[PDB]
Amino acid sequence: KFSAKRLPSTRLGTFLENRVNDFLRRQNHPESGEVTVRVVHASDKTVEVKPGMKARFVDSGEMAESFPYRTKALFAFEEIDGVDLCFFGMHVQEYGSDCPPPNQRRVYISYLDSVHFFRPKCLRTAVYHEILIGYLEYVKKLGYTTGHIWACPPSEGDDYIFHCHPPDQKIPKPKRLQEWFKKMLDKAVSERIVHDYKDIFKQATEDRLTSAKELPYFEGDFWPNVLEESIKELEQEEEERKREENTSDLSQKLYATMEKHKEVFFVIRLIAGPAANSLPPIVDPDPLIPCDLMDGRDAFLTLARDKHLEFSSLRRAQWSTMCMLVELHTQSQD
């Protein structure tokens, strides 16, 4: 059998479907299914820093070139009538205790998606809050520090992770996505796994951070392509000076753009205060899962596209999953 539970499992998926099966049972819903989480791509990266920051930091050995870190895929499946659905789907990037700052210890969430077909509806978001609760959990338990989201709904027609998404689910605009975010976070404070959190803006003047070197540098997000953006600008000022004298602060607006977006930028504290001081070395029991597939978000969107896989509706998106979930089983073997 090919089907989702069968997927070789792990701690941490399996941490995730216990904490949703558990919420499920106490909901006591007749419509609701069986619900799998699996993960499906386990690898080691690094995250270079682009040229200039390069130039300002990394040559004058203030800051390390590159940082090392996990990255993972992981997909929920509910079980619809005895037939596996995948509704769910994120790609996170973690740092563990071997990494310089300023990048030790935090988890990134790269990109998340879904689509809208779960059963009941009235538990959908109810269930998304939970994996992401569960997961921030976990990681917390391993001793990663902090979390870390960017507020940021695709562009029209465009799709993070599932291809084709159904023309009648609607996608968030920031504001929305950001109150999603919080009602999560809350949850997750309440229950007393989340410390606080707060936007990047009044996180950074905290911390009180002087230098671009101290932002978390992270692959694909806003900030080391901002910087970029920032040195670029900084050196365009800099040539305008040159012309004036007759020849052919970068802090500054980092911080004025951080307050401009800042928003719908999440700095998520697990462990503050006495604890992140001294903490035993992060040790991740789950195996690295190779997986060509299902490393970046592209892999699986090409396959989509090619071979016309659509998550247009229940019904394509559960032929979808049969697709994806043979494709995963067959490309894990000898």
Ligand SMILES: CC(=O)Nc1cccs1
Given for the second form:
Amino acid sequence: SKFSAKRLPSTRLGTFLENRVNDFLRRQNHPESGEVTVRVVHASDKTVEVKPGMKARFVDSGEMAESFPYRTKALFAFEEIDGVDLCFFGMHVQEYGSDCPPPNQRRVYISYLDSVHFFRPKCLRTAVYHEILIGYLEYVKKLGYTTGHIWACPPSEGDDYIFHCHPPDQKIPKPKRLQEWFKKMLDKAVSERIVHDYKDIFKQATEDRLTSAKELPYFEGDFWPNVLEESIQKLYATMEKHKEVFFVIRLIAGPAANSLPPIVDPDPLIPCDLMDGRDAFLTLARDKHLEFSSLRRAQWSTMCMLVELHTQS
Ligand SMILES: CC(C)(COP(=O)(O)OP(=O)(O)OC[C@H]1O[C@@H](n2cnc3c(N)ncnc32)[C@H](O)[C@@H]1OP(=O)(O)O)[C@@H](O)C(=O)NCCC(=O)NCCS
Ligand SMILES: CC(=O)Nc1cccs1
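Let's compare: the form deposited without N-(thiophen-2-yl)acetamide is above, so bring in the form deposited with N-(thiophen-2-yl)acetamide bound.
Once more the chain from above appears, this time first in line as the rest of the complex follows.
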């Protein structure tokens, strides 16, 4: 195909992730594995605005920035199966750099991740997802982001985070399973000296000696900004109750976290309105019936998705 995944423009981030995954695959040496291609298909500058209640309380008094700048990225992984691309993994992230005001400085937030379970061989699928995620943490660490933030909430039945119409026998993990799955990924990263340690949001706030909501990171679309608006101590109660779902991941700790030079992202902006957050691709897939429910349909949908990405106005 003149519209292959591999022909999508390369990025340092995508190159870094795909090389990590394919090196994992070379080590495993399984006869059914096919080459993985990771492409960043959207990167744009955004700002998240403090909502009214929090603004009135902390912004207007000069205690908190009014908004926080970030870059959003969308990336996708593809495996070559039978000389045909298959998109099997996607993620959108929010990256708050070194000039972003506290509390958000040098943090990354994983907005959404999703998958379609046709990776071959099946016995390496989870392992490959973990390699992608560990790579992403490794990469942002190298650039100088200090902390990663992951929300482990599975989609409710019939809801698709990124890919329209999942396979009917692709089970959706319960929250306990997904939380353990993230722990498994983070433990591997700990072993590899990528992650220093990780904590749920309640344990984090406690160890941080947080006493004011103005000190919690404030991300676009996250649970916490909405919780904070309703509130306007009871907050600490709500952090305890939902603590299992919210991982705070320390990449760089202690003194080496405060002497850092500015973060320099070597990758350019990538305008792609189709991939500016998850809604537009779901809308396109719903309208054009790009389903991901069987290997065959997913390959066809992948091919259509690729054509769109290559031919974007
Ligand atoms: C998160 C995700 C990528 C992990 O996929 P994965 O590595 O294959 O891990 P899962 O936990 O889904 O599946 C592993 C195994 O547990 C099984 N399993 C999953 N959910 C299950 C359930 N509710 N009951 C019983 N078994 C289940 C799977 O069938 C699979 O079994 P197998 O590999 O022996 O066939 C995938 O579940 C997914 O795309 N989920 C939807 C998106 C999402 O939850 N995003 C979360 C954070 S934004
Ligand atoms: C405020 C906060 O830490 N939000 C989080 C989002 C995801 C994991 S932790």
